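Take a look at the letters that make up each chain.
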Amino acid sequence: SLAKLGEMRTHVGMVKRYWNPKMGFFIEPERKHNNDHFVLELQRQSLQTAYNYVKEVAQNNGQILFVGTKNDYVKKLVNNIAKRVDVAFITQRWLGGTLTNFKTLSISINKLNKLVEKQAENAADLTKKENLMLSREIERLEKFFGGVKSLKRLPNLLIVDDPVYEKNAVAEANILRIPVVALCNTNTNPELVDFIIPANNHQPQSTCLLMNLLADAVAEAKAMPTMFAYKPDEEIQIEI
Amino acid sequence: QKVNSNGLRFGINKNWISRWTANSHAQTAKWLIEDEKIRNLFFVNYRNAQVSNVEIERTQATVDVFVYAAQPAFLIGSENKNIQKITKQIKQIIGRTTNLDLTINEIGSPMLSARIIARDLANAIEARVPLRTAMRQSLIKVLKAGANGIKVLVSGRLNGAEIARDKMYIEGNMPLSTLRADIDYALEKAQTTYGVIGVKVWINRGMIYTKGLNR
Amino acid sequence: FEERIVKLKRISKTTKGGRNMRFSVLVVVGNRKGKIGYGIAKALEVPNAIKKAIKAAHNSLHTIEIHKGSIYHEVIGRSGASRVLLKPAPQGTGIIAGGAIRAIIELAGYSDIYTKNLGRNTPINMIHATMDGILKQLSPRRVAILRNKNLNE
RNA sequence: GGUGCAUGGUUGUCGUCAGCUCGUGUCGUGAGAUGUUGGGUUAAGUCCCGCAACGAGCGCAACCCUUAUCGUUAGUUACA
RNA sequence: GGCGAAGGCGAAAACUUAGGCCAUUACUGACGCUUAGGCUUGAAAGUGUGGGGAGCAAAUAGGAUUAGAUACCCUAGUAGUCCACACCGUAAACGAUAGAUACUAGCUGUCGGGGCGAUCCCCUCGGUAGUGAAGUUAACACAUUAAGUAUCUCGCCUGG
RNA sequence: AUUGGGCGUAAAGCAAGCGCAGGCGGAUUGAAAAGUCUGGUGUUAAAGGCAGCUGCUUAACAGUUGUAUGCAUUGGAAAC
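Chains A, B and D, in that order, give the protein sequences.
For the first sequence, the deposited numbering assigns the number 258 to the last residue and increments by one with no breaks.
For the second sequence, the deposited numbering assigns the number 217 to the last residue and increments by one with no breaks.
For the third sequence, the deposited numbering assigns the number 218 to the last residue and increments by one with no breaks.
Calculated from the structure, these hints are not laboratory results.
One thing to keep in mind: the hints can contain errors.
[What the hints assert, rightly or not] Simulated pairs of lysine-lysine, DSS-like, Cα-Cα distance not exceeding 25 Å:
id : chain 1 : residue 1 : chain 2 : residue 2
1  : A       : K121      : D       : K117
2  : A       : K121      : D       : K120
3  : B       : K169      : D       : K74
4  : B       : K169      : D       : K107
5  : A       : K170      : D       : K120
6  : D       : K133      : D       : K152
7  : D       : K81       : B       : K4
8  : A       : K121      : D       : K107
9  : A       : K94       : A       : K185
10 : D       : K116      : B       : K169
11 : D       : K72       : B       : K169
12 : D       : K120      : B       : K169
13 : D       : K181      : D       : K74
14 : B       : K169      : D       : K78
15 : A       : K121      : D       : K116
16 : B       : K146      : A       : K121
17 : B       : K169      : D       : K117
18 : B       : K169      : D       : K81
19 : B       : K213      : A       : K136
20 : D       : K116      : B       : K146
Please build the complete structure, drawing on both the sequences and the hints.
In structure tokens, the structure reads:
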């Protein structure tokens, strides 16, 4: 299949009493108790639209920057995506200053490359504090710039666990003219995505199946095998 | 308030522009008064060659002069006339019987000495070149030679009585406190029809390290 | 692109001893085919600020269509309690304004305008309101497609 | 001989401080902010972490001498 | 928290009664709307009129202190604060946001009313609040109770 | 500031409530058509002006033509 409705089984409900009303236009008529439940058919339609749209964008020799910044679950599974499909991954969101100022990513990636070279070229003269400085510089420039740590190419598309979760992601997204697609919740402002994906992320199955479907969409545009919507089994893994 | 660690840099981290040993404490004053005239005359008389520095040694009324320049071709000149003029001038300025031997050597990135930099910057300022463009010319002069970061200041008068309007350039790693830094600082007092103007340049010969002793 | 300066003024802040003597500049760029934009810059010298504001303006190009040699429709551009009137002035008078407004209109691709200012004489909100009014003009085909009736209106 | 508000150079006050400046760009409708800030952590913007931020530079430490144990070097007019 | 037209309403107890909140194709069938003029009310000082005056402080007066205290300290201390009457009818009576009218994301609170039901939760509508969307003030910010949206009427408004 | 502006802090909502002069009004329908359009005529002057021409050397100037311009008197319409 392709973006099967079988995955659309637990994409309902989040933290209540906090929700953007304009999501009720895009999700469903939500009760006074802030019922964060999502519809199935409209969510599936929008998810399939995003799927094949990012597929056709990545078939144009583009890039889908996979961003993972939630507690541990989204980040770990985005790293699994990166090790499954050749796409960039986020351990920690870049603090801003990547796209509109291209020099600021180039300096970081070059610094990390030279840091790796220095770590692999000399370790006898270094002291414990000097080695800690070197490792901390590596860690800093890897987390101060997650999507740009060894590559200089400008991403042609980026996702995020929540388009209101990351200010820098939105800034470097709206800097470019790209179809930004993101996992959107009820507490999220819908005005920061191209195709809204109204679905849950507090439920771990929901978000992991969603971003795995995104991984399959980018992989089928990269001519490599795809697993979800092609295997009927839904993943069961609690949100680490 | 405004000091550069160059006296300690020159002498225990580098050499002097005029170094010589002696056993008496009386002829030192005479030698130091005598050699400065030769140094100043050689600097002012030869700016087409951009004479970077002159080393003077003085022992028992025995004066020897060495010259390092950014453009030593003008020191020799066409058909080797300027070299003869320089040799006779230096031989006569040190004494009728004072010995003299000279060799011509060059330095990497020849326009790295702040002396000629400040002199040429003042010349550009007073040579139909606006102050901003003269600043840029001095910056290129230090930069196109192959030198490191640049500090350029021009203080004094704008033909007025105001002290709250000027421009100044800082570009790169210039530690005012690092002893082992190889920094050259020079000043020129230029006479304009409204006063004297100080043109100061701090130029890095290169961010030197592991070389902190005299050579 | 002409990259012409339109406004310079010295802006200063209070810091630990002394004030921030420095004059800022602001350039309007255009191509007279419709593209126009503006950009501000700060520097301590004339040419550096000129070039920085030139590049900042040239980073912003907003195209606008031609009607009667002027803007598409009458609009009173408002910004910061400042209003500047822009109209589809018929070509019977020419560009009648000061040098700044004449240049702003010319880099907008328009030949003439009837100017009208509302509010304070401070210039930065004059520029903001003028730019807002100029850029917010309408188009026939766009409003046709947006509306239920879509041929040209 | 003054005109140091004509100045060059010169040092000192705060204070050798605990911070400072600058670019990229972002956020403001402009003054401006950002980073450069803040939690841990220092004499220090010392670094980490987080944050439209990213870094470049300056001040304290940094080479320098000065300082101490040992090993060692040449050998008197030393030591012995 | 509610109400009262603002002025305001708190030891309790009763009465007259303005007015209120909830839902009524329910009835006249526009009877409407405001408001220059016009009607009434209007904190309070302080005025005199009759009592008591518990207490105190304008004023006044001593000791300080001060460059000097009838300023900040206090003691003595009247008008007055108290009440009955008028008049004073001004207030930071300003939300420096008019009255009548209808509409504009939400969200989290409260009170009152209607339904319901261990309580309750809940829904309805108002009142009473806010962050904030949109919208609107240069800006500060308001924002379903607007400074948002719009109709009728009036008052205020052009340099110190 | 109808054209062509405000009333929270850079004029500011009347001190509060009620009201007329005066002002405007919810829906349907009919009379009437003042408001409304419409059909016209009279006159609103030649000189003046808009468009046009002539001559004064050329307009300055002078002359000149279609045209202005506001009332009354006239067939209707029902949308309020």
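Subject >> Violated hints, by number in ascending order, as checked against the structure >> reply: none
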